[PDB]
Structures are given as structure tokens and as C-alpha cells.
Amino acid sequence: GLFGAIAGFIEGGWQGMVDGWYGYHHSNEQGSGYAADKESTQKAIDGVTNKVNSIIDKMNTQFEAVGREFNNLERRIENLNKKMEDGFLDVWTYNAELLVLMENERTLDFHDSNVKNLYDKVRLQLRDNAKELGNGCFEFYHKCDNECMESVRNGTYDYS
């Protein structure tokens, strides 16, 4: 959404590409195929793994509410002990609901930014040797066989 790539200038996802989160579809004389970008995928995996574990780990620990006994003439302090645990456990209910909502929104934007930066990785790589088609594809002005195609993925095409 925020970065315009996913469900934007890239219209849809590839069901056919299963080996990673972001990657390439190539098409040439030898054929057409899907292939993941390892680095970009593994960057995101790391990040999102650490986002998750940060939400879990930094809870060390929340309120640990073990029960008490009040009697028939201590109804005020029973109510007090009651209200305390209401208030607390309802504070964490707000935190957790909202945390998850906010980070769910960021995680999608994180992915959108990733697909955008991957696109721009290749744009800068190919310079004037291909035309941008505006749907996420580049059409080469020259023959690009599989060795050429893999060299784009390696980051090694026109290494200078």
C-alpha cells in the first residue's frame, strides 16, 4: 500500500514461485521460469522473525496474578483486589490488540518496500540495456540467455 508495488505497479503475486517471498520471472529463447531472490527473501525473513521474537521476548514477564482469599467482612478489599486485576489484564488486552494491529500494518508495508527496492535494484543494474514496461518487467534491447539471466540475479550483470 504505502510503497505502491504490491497490488500497485505489480498487479498480482506469483503462485508459481514457491522457493521465496520475492523473486524473478524470466522469459527468453531457452524458455521462461520462476526463481527466487535469496538475499531479499532472507533479509525479510530475518527481520520478520526478529519482529515476532521481540514481541514475545520483551514480555518478561507481564503481570503474574496469583489468587487471594478475602472473607465476608472484607468485601471492600476483595473488590479492590478484584478491580486491580480487571484494570491490569484489561491494560494488556489493549496493548496486545493494538500492537498486533499496528505491526500487522507495518509488516505489510515492510513487504511492499522490499518488492519496491528489489525492482529498483534491477533497474539500476540494467541501466539503459532494457526498457521498463511499468508492470514490473524489463524488456532487454539485447539477447539475454540463461547465463545472462542468472547474472542479473547474482547482481553480476554488467559488473563493469
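Positions refer to the first chain, counted from 1. For clarity, a rigid core is taken as the largest C-alpha set superposing within 1.5 Å between two forms. Compared with the form deposited in another entry:
Residue displacement note: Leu133 has its CA displaced by under 2 Å between the two forms (rigid core superposed). In the core-superposed comparison between the two forms, the C-alpha atom of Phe63 has shifted by at least 2 angstroms.
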Second form
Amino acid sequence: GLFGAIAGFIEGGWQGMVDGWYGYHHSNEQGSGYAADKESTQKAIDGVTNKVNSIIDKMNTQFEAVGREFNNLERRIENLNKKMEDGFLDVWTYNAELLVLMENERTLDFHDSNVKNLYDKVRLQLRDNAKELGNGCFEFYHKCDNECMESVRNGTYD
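Shown: the form deposited in one PDB entry; wanted: the form deposited in another entry:
We keep it simple here and write out only the one chain, dropping partners and molecules.
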């Protein structure tokens, strides 16, 4: 994906993180586990919700077929009528199917973006303090305890 994080340098997702869409796994002497990053997850929930509502709504004014009848010697206007109704139904079908295709691709990339931005935010903090492993993980030069871990998550390291 465009941002290279999802199924990119981060090989796969976490069945064990049910808490939210993105976050951290930590692992030290006291143990290990998952913690959803609440705000980036919330930003993403907002984005996607607004998008869907935009999508639904933009499509609410849209061609309505009206039943209309013609006699045996009105074949030209009957056909015109038919070609017209079908014509709009095809335009709207295309509008709808494409909007879905494009926005689906934009949604997936958005998630990738949010993961990468989160990754970078943590990378920025660690500095020379940790070895960037290449896989989404940072291995500390020294001894990170649970409140050390918490400090990374909370945004107040060092």
C-alpha cells in the first residue's frame, strides 16, 4: 500500500489487539501485551464515518424512473423514453460503482497512512535510544519498564 506500513514493513496485523485499529505491542521483563492508540484510532473512526455519510448523501438526489405508457403508433417516443430511463440508470450505476472502487482504495491507504504516521511519531522519540529493527519494532538499548513503556505510548519519553 502507498504508505508501506500495512502488509509492508509491518508484515501483518494483530489478532490480539481488539481494543482499537492501531497501537503498540510491548515486551519486557514484567511481561507483554497490546495497547490501542486511542486518538489515532478515533481520528480514523471519524474520517471513515464522515466519508460513508458523505458517500450516502451525495447519492441521495438521483434519477427516479417514472412509469409512462405509449400506444402502438408511438414507438419512436416509447423507445426514446426507454433509452432515456436506461441511460440515467447506467450513469448512476457507474457513478456509484466507481465512487465505491476509488474510495475503497482511498480508505485502505488512509489506514496505511495512519499506521505509518504512528510509527514515525514513535521513531522520532526513540532517537539513538533504541535500535529500529525494520519490522515495526524498536529494541531498547536499556531496560524499559512498564512506566517507561507507558511514557512512549503517552508521548513523553526521555
